[PDB]
Each structure stands twice: as structure tokens, then as C-alpha cells.
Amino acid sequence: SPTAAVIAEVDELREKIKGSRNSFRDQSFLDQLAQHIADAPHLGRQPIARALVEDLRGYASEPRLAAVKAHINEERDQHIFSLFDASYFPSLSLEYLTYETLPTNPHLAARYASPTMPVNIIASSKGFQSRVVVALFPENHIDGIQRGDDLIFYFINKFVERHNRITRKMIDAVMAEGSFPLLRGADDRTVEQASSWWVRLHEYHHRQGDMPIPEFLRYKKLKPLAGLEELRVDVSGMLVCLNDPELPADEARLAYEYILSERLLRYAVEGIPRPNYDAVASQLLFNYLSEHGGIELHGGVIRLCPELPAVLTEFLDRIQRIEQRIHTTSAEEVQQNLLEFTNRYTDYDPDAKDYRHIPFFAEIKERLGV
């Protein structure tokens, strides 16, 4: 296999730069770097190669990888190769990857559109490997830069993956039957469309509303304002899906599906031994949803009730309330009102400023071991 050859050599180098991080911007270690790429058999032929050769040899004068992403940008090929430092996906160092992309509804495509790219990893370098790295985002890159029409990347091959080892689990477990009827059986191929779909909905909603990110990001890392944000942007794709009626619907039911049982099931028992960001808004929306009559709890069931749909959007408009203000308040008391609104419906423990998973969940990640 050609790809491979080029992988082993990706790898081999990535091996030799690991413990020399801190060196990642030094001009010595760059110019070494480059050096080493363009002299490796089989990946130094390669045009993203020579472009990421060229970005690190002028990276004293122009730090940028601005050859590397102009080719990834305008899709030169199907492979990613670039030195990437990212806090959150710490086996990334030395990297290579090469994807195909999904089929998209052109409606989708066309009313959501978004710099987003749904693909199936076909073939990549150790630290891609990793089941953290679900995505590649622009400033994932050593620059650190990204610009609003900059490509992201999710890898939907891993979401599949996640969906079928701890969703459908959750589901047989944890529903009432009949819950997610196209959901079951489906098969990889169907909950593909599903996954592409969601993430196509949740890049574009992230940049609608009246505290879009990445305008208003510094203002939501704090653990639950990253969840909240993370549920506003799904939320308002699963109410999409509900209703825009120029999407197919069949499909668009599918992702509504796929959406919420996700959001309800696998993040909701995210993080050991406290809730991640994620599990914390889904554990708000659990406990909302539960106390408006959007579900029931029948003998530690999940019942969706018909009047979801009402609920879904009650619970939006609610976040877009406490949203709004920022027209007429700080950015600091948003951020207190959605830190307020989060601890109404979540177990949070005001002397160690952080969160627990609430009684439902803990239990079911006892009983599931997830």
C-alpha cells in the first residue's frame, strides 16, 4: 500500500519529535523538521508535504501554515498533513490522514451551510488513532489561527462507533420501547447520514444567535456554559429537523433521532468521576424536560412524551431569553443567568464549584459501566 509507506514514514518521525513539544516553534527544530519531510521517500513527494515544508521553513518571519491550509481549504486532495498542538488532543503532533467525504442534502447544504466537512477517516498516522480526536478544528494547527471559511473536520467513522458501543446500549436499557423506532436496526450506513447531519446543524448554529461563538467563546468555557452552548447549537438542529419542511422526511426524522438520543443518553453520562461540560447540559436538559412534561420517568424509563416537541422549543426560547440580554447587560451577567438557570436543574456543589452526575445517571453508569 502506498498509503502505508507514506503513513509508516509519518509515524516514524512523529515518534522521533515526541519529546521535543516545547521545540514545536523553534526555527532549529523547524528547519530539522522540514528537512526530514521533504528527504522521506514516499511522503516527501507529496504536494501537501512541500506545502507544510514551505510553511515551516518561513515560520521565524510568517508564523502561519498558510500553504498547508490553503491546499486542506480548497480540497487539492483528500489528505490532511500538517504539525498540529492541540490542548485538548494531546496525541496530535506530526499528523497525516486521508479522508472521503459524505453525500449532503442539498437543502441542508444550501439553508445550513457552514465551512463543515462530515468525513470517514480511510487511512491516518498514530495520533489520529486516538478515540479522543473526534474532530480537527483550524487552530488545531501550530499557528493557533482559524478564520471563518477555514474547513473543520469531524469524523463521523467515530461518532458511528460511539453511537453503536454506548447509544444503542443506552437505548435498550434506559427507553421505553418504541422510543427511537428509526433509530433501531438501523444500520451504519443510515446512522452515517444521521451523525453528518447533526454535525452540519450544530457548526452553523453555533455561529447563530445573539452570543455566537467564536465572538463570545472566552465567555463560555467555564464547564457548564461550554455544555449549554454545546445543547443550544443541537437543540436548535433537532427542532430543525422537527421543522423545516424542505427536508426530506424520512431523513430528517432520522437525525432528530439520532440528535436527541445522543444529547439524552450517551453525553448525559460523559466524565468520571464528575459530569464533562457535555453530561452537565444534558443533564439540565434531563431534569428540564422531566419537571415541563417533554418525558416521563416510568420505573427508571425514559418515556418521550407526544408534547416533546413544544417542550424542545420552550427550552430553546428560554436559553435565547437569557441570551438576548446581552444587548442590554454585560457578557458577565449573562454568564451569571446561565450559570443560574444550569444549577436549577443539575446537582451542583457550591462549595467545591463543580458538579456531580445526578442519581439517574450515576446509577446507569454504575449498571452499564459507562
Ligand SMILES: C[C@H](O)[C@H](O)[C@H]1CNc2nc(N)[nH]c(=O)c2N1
The other form holds:
2 protein chains.
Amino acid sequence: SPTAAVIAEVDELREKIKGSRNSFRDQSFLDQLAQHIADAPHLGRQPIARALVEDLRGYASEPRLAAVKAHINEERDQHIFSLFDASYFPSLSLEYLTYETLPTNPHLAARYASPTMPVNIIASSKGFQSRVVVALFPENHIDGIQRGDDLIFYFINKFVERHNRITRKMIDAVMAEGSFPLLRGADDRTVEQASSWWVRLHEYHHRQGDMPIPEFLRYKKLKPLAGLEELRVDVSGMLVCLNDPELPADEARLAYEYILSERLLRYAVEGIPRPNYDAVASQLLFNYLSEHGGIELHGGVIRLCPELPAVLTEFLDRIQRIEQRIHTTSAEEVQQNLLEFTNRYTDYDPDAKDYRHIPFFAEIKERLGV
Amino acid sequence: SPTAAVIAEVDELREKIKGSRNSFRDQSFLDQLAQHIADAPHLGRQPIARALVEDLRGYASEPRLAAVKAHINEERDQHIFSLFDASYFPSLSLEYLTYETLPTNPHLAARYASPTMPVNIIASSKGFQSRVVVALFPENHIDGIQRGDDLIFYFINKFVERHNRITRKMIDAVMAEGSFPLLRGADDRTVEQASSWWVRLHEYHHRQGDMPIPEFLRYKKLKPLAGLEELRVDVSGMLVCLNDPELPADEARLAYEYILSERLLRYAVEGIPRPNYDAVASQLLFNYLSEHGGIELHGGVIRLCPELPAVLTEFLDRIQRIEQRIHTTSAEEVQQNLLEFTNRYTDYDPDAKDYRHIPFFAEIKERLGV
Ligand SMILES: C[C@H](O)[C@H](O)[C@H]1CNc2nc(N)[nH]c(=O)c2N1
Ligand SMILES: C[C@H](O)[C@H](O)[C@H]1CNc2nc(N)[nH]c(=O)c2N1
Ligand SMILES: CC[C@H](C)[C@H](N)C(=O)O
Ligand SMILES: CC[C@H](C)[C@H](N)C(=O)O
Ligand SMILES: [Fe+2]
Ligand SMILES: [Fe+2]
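Output the structure of the form deposited with the ligand bound; the preceding block shows the form deposited without the ligand.
Below: every chain and molecule of the assembly, starting with the one above.
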């Protein structure tokens, strides 16, 4: 396999530089790395490798990976190759992958446009094989730069895997019979499509509203607030799938079921021993929906009420009322009010200043090992 | 078994009351629970069950489980049975176990005395089978009360299990040849004796120093500070094993190796996606020892320096210098200085106000699945 030969070369260079992350911007190291990439029999031939070599060789004057990113962003081919430094994707150093794109609904791509690339990984170097690495953002490159039109990649094959391994099991164990009818027995190509809708809507809505990110990112990194912002955009996407009549009805209801099942179940159990940011927000959703009539618990089993669309709309309306006050108060004051809202519906420990898994999902974590 | 019949009856009542935690102090609920316990053909006739029934029936005027705790604290037999409400042990509701005590070193128990009970669980109800539940504290009972002479139980069999599942594989992969020779191939009884020394020294040293717990507990629940207090006491126990000549020399060195291996390795990888309280402090230890000459990294593997006992003494001295200022400054000022010390040697994200696994242990988590 030609691609296996290329990836073998990347993986061997990756091994050699594993102890040198502190030198990844040192020009002496970069010159040596660049020279080794250039001399790699198969890798060095590749246009994208020549671009990186040029970027690396010039880094002391221009600390940018402009040529590599121009290649990627223009989709000159379906390869990604660069030097990465992403603190939350620690497995990534010198990495390579080949991807395949997924079909997109024309109305979705036009009306909710963003530079998002839902793809399947065909082959990749070792750092990309970690289950941690589910996406790739422009600032993950060593230059740390992101522009609004840089392509952002989501590895949909990994979300399909997570849905099949975790979400399906949770639907069967936690939800009333018939809760997610379109998802039952749905094949991978179907979940793949719904997942691609989900990430497209996710990226689009992050940039909408009165406190979009990246503009207000540094106010939305505390665990509960990072989770709440995730939930704001995924509820927004849920409601688009319910309300936008220009989306194909069958595909939109599937995407709705998918986003709802992911946020109501899989994300709700994430994190050990404490909920991570996604789980805090998903437990907020669980308790809000329970309290406000969107779901019901009958003997430990979740029923989706027919009124759930109205309650999801009320929930998003409530978040938007809190954020709208950015126009008349400080971002710090809005933060405090977002936290107060979160804490009314989660298990916040004031002395630890952190959260506990609410008992409902703690028991599910125990029962299913999730 | 008669015991098997008792526990079956407990598990069945536990199932009946699973949805009712919000009523666990309601007298109408307690009157009914007490009656069902009293009528349990096997469980109801146990002396500890008579004690719980009396406590529960009297709870409206005496919100304490005094008769149950008197039975347990006086070790009238080796059964534990109560109604529990421990937010960090959410699996515990109505629970029952039988335990076996372990050999005890006379000097250790006299010089470092505490009401600690290192025991093995022989049989138990479902709540006690959770791997989360490694110990049982007096305030875990629904009355929420603790007294300085209440017995505190540690389930040593679970620490043996964790040692053999995580620590052993970590020693092999991460430690230089010959780092922990007394632990190599050690049988479960040997690990059990080391673990019982560890928990005894742990409980003892929590009450020593200038900021002991429980007195200063509410200042030591923030994740980094909770971990740093764990590490203060375990480094103290480490040094006791090295320095106290009236402890048996073979058992003392074994306990030293055990405690060091647990804090250097097993606790260092705890928590997903972020380190938990133990892991933050263990990564503080790792980086402190690296920079101050107590360990060295050669080929991704940790060598323990002969000078390590002196560097551990320096580390504990440093913690004790910060805590000593409680006598001239506020608890809050001490907290800030404990955090500043922690953050110098850990990966703190100031925008998230939380920690990331340091790269050394992130890589080990990926490689070994820990
Ligand atoms: C909101 C929360 O901080 C969450 O992790 C954000 C972070 N930054 C992001 N940036 C982009 N482009 N897309 C995303 O989905 C997110 N997720
Ligand atoms: C230090 C940190 O708070 C840790 O979780 C403390 C908490 N309270 C405790 N209380 C007792 N009796 N024994 C312990 O070991 C601890 N651990
Ligand atoms: C919804 C955005 C991403 C995919 C999600 N927070 C995750 O880490 O899986
Ligand atoms: C040594 C204290 C306890 C055992 C440790 N923090 C744990 O949760 O395993
Ligand atoms: Fe996001
Ligand atoms: Fe402790």
C-alpha cells in the first residue's frame, strides 16, 4: 500500500521526535525535522509535505504554517499532514491522515454555512488513532492560529463508533420503548449522515447569538460554562431539525433523534470521578426537562413527552435571556448568572467548587460501566 | 448460606427503596423500612438489625444511628448494616457486609494510633460491591455524624485488586529495573499487609500538623488542595517507614515501596478527561521530584535516585512551611500559597481553572489504557 508506506515514514519520524515537544518551535530542531521530511522516500514526494517543509524552514521569521494550511483549506487533495501542539489532544505531534468527505444536504450547507468538514479517516498516523482525537482545529497546528474561514475537521467515523458502543446501549437500557424509532437498527451510513448534520449545526451555532465563540471563548471555558455553551448550540441544532421546513423531513427527524440521544444519554455520563463539561450541561438538561415537563421518569426509565419541542424552546429562550444582558452588564456578570442557572439543575459541591454526577446517571454509570 | 440469605433480603429491600432517597429521613418512610427489616426472616433477627430498627424507629426525636454505631464501634461482631447517604459513594443506600480483620503491628498501632479498621469484605450487599466504595466513614450513615473515636473502615481487598490491575502493569512499563524489588511477584497477603500500614498511617497523619482535618477540611476540598493533603499524609507515612526504627524492617520497607508506587504511578493516572484530586498531587510529586533530584527519567522510564529520602523530606518540609503560616495569616492566604506551589509543578489551565494530565502521564494513559 502506497499510503501505508507514507504513514510508516511519518510514524517513524513521530517516534524519533517524541521526547522533543519543548523544541517544536526551536529553529535548529525544525531545520532537522524539515530535512528528514524532505528526504523521506515516499512522504517527501507529497505536495503537502513540501508545503510543511517550507513552513518549517521559514518558521524563525514567519511563525505560521501558511503553506500547509493553504493546501488543506483549498482541498488540493484529501491529505492532512503537519506538526501539532494541542494540549487537549496530547497524542498529536507529527501526524498524517487521508480523509473522505461526506454528502451534505444543499439547504443545510447554504443556510447554516461554516467551514466544517465532517469526514471519515481512511488511514492515519498513530497520534490520530487515539480515541481522544475526534476533531482537528486550525489552532492545533504549532502556529496556534485560527481564522474564521479555516477548515475545521470532525472525524465522523469516531462519532459513529461512540454512538454504536455507548449511545445504543444507553437507549436500550434507559429509555422508554419506542423513544428513538428512527435510530433503532439504523445502519452506520444513516448515523453517519445524522452525525454530519450535528457537527455542521454545532459549528454554525457557536458563532451565533449574543456571546458567540471565539469572541467570548475565554468566558466559556470553566467546566459548567463550556458545557452550557455546547448545550446552547446543540439545542439550537435540535430545534433547527424540528423547525426548518426546507430540510428533508426524514433526514431532519433522524438528526434530531441523534442529537437529542447524544446529549440526553452519552454526554450525560462522561467523566470519572466527576462529570466533565459535557456531562454537567447534559445533567442540567435532564433536570430542567424533568422539572419543566419535557421528559418523565417512570421507574428509572425516561419518557420523551410530546411537549418536548416546546420545552426545548423554553430552555434555549432562557439561555438567550441570560446572554442578552451582555448588552447592559459585564461578561463576568453574565457568567455568574449562567452559573446560577446551571447550579439550580446540577449537583454542585460549593466547598469543592466542582460537580458530582447526579444520582440518576451515577447509577447508570455503575450499571452499564459507562 | 445463612449470610447469603441475609444479604439476599438486604438486596431485595435495597431494590424496593432505590427510588426513595429523598425520603430517607422521613419518619413515615423510616417506620415502614424498619418494619420490613424487622420482618425479614433472616436479616431481622441479627443483633445489628435490631439496632438499626430501633434507631430508625426513633429517628424523629433522635436523628442519630446510635445503637448501630455502638454495635459497630464495640465490634460486637463483624457485620455492618445501616442506611447510608454518602454523596461520594452514591451506590450506598440500605447495605450490609461482613468483614475480616487483618494482622496488626503493635508498634504501628500504638505510636500512630487512630480508630482505623483495615478489613477485607467477605460478603456484602450490592452497594458495597461498587469499585468506588473503598472505605466507610461514620458520617456516611444517614445521621451524617462523625466522632473522633468512631471506627473508620478501609476495604483492603479492593486496594489489593487495584494494585494488581493498575500498579503492577505500570511498574513494569514505567519504572527502571529494580525500583520496587519487594513488590515484584508479591502475593496478595504481602500487598494486603502493606496496604493496611498505608491506611493506618494515612488516617493518623491527616490529624497531625498545623492544618489538620477535619478541622480545616472545608479549606482542603478544592481539587488541588484535596490532593495535596492526601500527598502530605502519604509522604509523611513514606518517611515514617524509612525513619522509625521500632517498625519491623522488612514490613517497613515493603510499606514504603507500596505507598511510593501507588502515589508515583496508580494515583498519577486517575481521572478522565482531567486528573482527579489524587492525580493532580501525584503529578506535583512527579515534577517536584524530577526538578529537585529525587527521580530521573532515562528512556521514558523512572529511576529512583538514592537521594530520594532527602528530597521527600524537603518536599514535606516545604508543605509544612506553607501550612505553618496559618498561625500568622488566614486560611485563605494559606490556600493561595498551597495552590501557587501546586501550580508550579502541574499543568494548570487558568481560563478553565482546572488541570490537564501532564504529558508524561497522558502518554501512559494512552499506552496502557489506564
Ligand atoms: C464551549 C466549550 O468551550 C467547547 O469546548 C467549545 C470550545 N471551542 C470550540 N471551537 C470550535 N471551532 N468548535 C467547537 O465546537 C468548540 N467547542
Ligand atoms: C484531603 C482530601 O480532602 C481527602 O479526600 C480527605 C478527605 N476526608 C478524609 N477523612 C478521613 N477520616 N480520612 C481520609 O483519609 C480523608 N481524606
Ligand atoms: C459536541 C462537540 C464535541 C464533539 C463534544 N464536546 C466532544 O468532545 O465529543
Ligand atoms: C489514600 C486515600 C484514598 C484511598 C485515595 N484518595 C483513594 O481514593 O483511593
Ligand atoms: Fe463545541
Ligand atoms: Fe485521606
